[PDB]
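Undergrad: Below, each chain spelled out in residue letters.
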Amino acid sequence: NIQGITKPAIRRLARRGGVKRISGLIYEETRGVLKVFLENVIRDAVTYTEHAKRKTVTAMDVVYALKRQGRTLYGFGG
Amino acid sequence: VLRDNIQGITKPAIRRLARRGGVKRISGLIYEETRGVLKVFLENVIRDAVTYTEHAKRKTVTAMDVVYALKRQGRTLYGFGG
Amino acid sequence: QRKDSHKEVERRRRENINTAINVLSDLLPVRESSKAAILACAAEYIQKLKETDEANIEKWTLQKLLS
Amino acid sequence: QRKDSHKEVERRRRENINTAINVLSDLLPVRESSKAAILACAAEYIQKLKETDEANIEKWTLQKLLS
Amino acid sequence: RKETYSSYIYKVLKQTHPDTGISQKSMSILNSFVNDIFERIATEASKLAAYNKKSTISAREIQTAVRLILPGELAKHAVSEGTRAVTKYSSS
Amino acid sequence: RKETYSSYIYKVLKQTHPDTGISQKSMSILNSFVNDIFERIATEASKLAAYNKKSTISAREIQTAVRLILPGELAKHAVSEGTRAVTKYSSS
Amino acid sequence: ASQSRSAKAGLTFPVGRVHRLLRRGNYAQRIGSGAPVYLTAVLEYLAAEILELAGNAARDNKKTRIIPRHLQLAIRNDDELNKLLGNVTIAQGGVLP
Amino acid sequence: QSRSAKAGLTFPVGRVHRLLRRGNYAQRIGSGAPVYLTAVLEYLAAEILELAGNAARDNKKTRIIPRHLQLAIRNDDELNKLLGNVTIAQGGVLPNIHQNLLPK
Amino acid sequence: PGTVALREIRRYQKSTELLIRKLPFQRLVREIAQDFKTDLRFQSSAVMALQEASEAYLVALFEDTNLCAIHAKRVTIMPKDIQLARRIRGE
Amino acid sequence: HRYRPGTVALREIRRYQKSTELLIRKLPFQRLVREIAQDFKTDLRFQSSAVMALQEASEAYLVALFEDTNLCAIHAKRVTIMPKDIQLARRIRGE
DNA sequence: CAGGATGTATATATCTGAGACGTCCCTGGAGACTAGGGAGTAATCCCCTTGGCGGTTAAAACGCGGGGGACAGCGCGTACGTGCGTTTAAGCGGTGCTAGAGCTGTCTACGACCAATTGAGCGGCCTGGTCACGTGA
DNA sequence: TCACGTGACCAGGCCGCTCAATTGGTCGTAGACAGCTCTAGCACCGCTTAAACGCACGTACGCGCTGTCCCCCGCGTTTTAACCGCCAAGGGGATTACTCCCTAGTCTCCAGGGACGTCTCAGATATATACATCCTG
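Protein sequence lines, in the order shown, are assigned to chains B, F, L, K, D, H, C, G, E and A. Quick note, the deposited numbering runs 24 ahead of the 1-based positions in the first sequence. Quick note, the deposited numbering runs 20 ahead of the 1-based positions in the second sequence. Quick note, the deposited numbering runs 221 ahead of the 1-based positions in the third sequence. Quick note, the deposited numbering runs 221 ahead of the 1-based positions in the fourth sequence. Quick note, the deposited numbering runs 35 ahead of the 1-based positions in the fifth sequence. Quick note, the deposited numbering runs 35 ahead of the 1-based positions in the sixth sequence. Quick note, the deposited numbering runs 13 ahead of the 1-based positions in the seventh sequence. Quick note, the deposited numbering runs 15 ahead of the 1-based positions in the eighth sequence. Quick note, the deposited numbering runs 42 ahead of the 1-based positions in the ninth sequence. Quick note, the deposited numbering runs 38 ahead of the 1-based positions in the tenth sequence.
Just so you know, the hints here were simulated from the structure itself, not pulled from any lab data. Every residue gets a Cβ at the ideal spot worked out from N, C-alpha and C, and that includes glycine. Just to be clear, a hint being listed does not mean it is correct.
Covered stretches of chain A (chain G as the covering partner; in silico rule of three or more C-beta atoms under 8 Å from a C-beta of chain G) [stated by the list, open to error]:
1) 49-62
2) 101-108
Not the full set, but computed from the structure, chain E residues with beta-carbon under 7 Å of chain F [to be verified]:
3) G44
4) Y54
5) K56
6) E73
7) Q85
8) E105
9) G132
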């Protein structure tokens, strides 16, 4: 579940971002934000999968969801 | 064929736009910044508008050209066509 | 030609509103002022009737709650 | 020239009556489109209040008599 | 001769508020909204057909496009209306 | 039998750099880039042709589309490239 | 005698026009029978929702018509339409209070 | 002969003609449109490849990996904005440390 | 000081009319277009459409700028606020 | 020995801006993905490529959001990112 | 500000999968011919774009004083960082297994096309429904 | 002062027509359903260990308060130019018509590019050392 996305993981992502020090409360907010993002993308992925009469989620479904949301992702067969 | 027009967006006009957005105090430097931002926005939209105009071999820029240019920028507009 | 029908319907409506306020003033014999003043009377009297109804309801509901 | 005076007093008359009628409609939003509609709604409301007041007084009399 | 939905917005409007009217510019905006949503759904249906190497746009395409284009409750109601209309059409 | 631009991308790379190579993931990224730009230009050209009440997507539709899609210097250079290609094709 | 498709489906929007726009619009090589009906029902529902919310917005005021202001208010007030029309600018709509 | 060679290109002009024809864009695709599109796509591919190869040499590598593609795209002010809404797998990010975070 | 600023604020927010003068906007638009093609002609509805788009854009950018100013614990908007808004919004 | 506060943070920034690997753990992320998908259809299977595309998109999104958050914090005259900063970034970006 | 401590950048064997090259092939592009449908050019014509002239008026521009709010500085008290030890799960490689992805092939039902008939709906003329005003005793 | 003739504004009805929608039949193909192969997604397991969790100590900065003063806001006055109407000319887009050449469709054929195999070397791991940067006293 969400708690598997640990504090050091958020620190690492933010360091790639460029932050020097991190408020103790960014962690929960980041977990919420990521959960919302994942839910939004996974909805469209599962919608495409259902349409294709499939029962397996394929990389092209994720690529299509991302391209839909204006977040085009290169490198996975799109 | 005229210049000095960017000054036509007067101080009170910028004030009214700021107030409609909820700003209750403004600095003196905001006026040139907003003039520059509006200039950039208008150039960016008119580029595509005049492109759509020239493509069709027309001398007048139709309101639909503006509509589609804005849509192409993602800012769709309802009321003048389409 | 077409003017006559339009003016007659206008007359019909305006005199209808007149007679309507007249029946109200028969039901509202407290101001007997002019048409505009009589409309003001209607407004104020309806306001006071609403408030009086709500006040009597509240006070007698309190009396009921007492017993 | 003084006809202009009559003109603005008429304009003020119209403004005041329209404001009063707007107050009525805000009090009785049932119908607002046409003057006849507002008058009819107000008249129905007044009749209802009168009937309810009569009933309330008569029921209070019985309540007092029986207890 | 222009093509518009004006008559249809009149008919739909009078159903819920018979006495209410519509201004010209309001009708223009409503027409633009109808055309916009039409284009959105049609494009999504075209993409759905293309991805599955399919040549036909059918009811399933429109349904999935609505599921993708509209938010939750509004999409649910749209799906219900579409299924109902299709059923009423075919039933005879 | 999956189509791909791998061979063409590889040849275009070697036309300018004799010994540089492309990994599989970079190859996929470049292929998806080419396909994405294809889709952008083609969709814009189709919209342009529809707007002008034309049933044909010609090289001029592609020229207008490439100006709309690409930024300044890229648009100019790509226009020159396309015009030279079409001229060499038509002259022979 | 003839019966319009919209009448068969119980709709007010024209099934025929939508179907013509579907084939003629270059969306696919073939268009199914049930696509126009589903699409037209969806469009009709959305228009009806806009109209109901805008009528309520105008009824908050005393106006007898819908002017772009009330369409704006209807769209922005409701989270649904606001998300759906997050990038739509309504001429003469202004902003909410 | 090949139409790609006839027009002095390397990309598959005929393949693009088929893609435009069958990809549901219009009832009719003109003869010169595929040539124009092939030329433009080839130019873009050449430009990006040249920048990425420069990045690889600047890093003493012989092959182009997604890091080099990311560096080539994000350093170039126009090839960036053409791809500002795109994320590239294994691209990382350009180094960016704000001055206000610097020591002292 | 600032008492009638709120008066202006809610007055303008309640209304739905234009805010920038019309002829100045028309002249600015013509001058801008001149750099793209000379001897150009503008449909009047096109000019009004441009005006509506521009006013909407400026109003939105100013709401974002105000949020930034409040974030800075200020009530005056300053150039860095507009810059932050635009930078975050991808512009 | 003990570095002063801030040195290690900049070292980590430099390291993670040079490097290109993924940052979230793969198995915990996959578990989260499946848990989320459970609420749309039951008994969904996932390709490895699909899970990896999801993770790459998510990481890039979070990194960009944190860049904006850092910008907002700096605008506020601070050096620390606080939830108000994430909220401002997301509000302006439109989510 | 010099000196020590940790760290990042520079220079070497082994190995090892993964790019790269040769071959088989098979299917999609190239050559040829066709018919008609769209593109293209010319001529019309009527709207609507531009241009000009005045008056009125709203709005803009300029000046001035008084807050009050931007900005800077000092004190501080905790919240975040850094670091060491413990431990928890991830990661990896292997083995089994079966659901379901992917492809093939009849084989029907459905959608495209054409011809025919006709009703929906646009546009315009016209009639009533509404509020509001200027007028007279 | 009371009360009232008249016209903007609009909804709706109705008809002309006219141009796309509905109906009916024919012919072809795509996709539906059945069936088969077999890829890879999933379940479990053991082992190594790298990252995570927790707790401790310290000081740096987020915050509060307090001052200075500057520059923005409200308001009075001058001026300027926007705006409204109203009239002119014309040029440019919308439209109709006809010609013809360009492209979609069909037929044949074969080499260009894809799939599959094998192979060596470019990069990864590991190790060694050289200079840099930071923090202390």
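Undergrad: Each hint: holds or not?
TA: Cross-check of the supplied hints:
| no. | hint | verdict |
| --- | --- | --- |
| 1 | 49-62 | holds (count 7) |
| 2 | 101-108 | holds (count 3) |
| 3 | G44 | holds (6 Å) |
| 4 | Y54 | holds (4 Å) |
| 5 | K56 | violated (10 Å) |
| 6 | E73 | holds (5 Å) |
| 7 | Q85 | holds (5 Å) |
| 8 | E105 | holds (4 Å) |
| 9 | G132 | violated (10 Å) |
Hints 5, 9, counting from the list given before, are not met by this structure.
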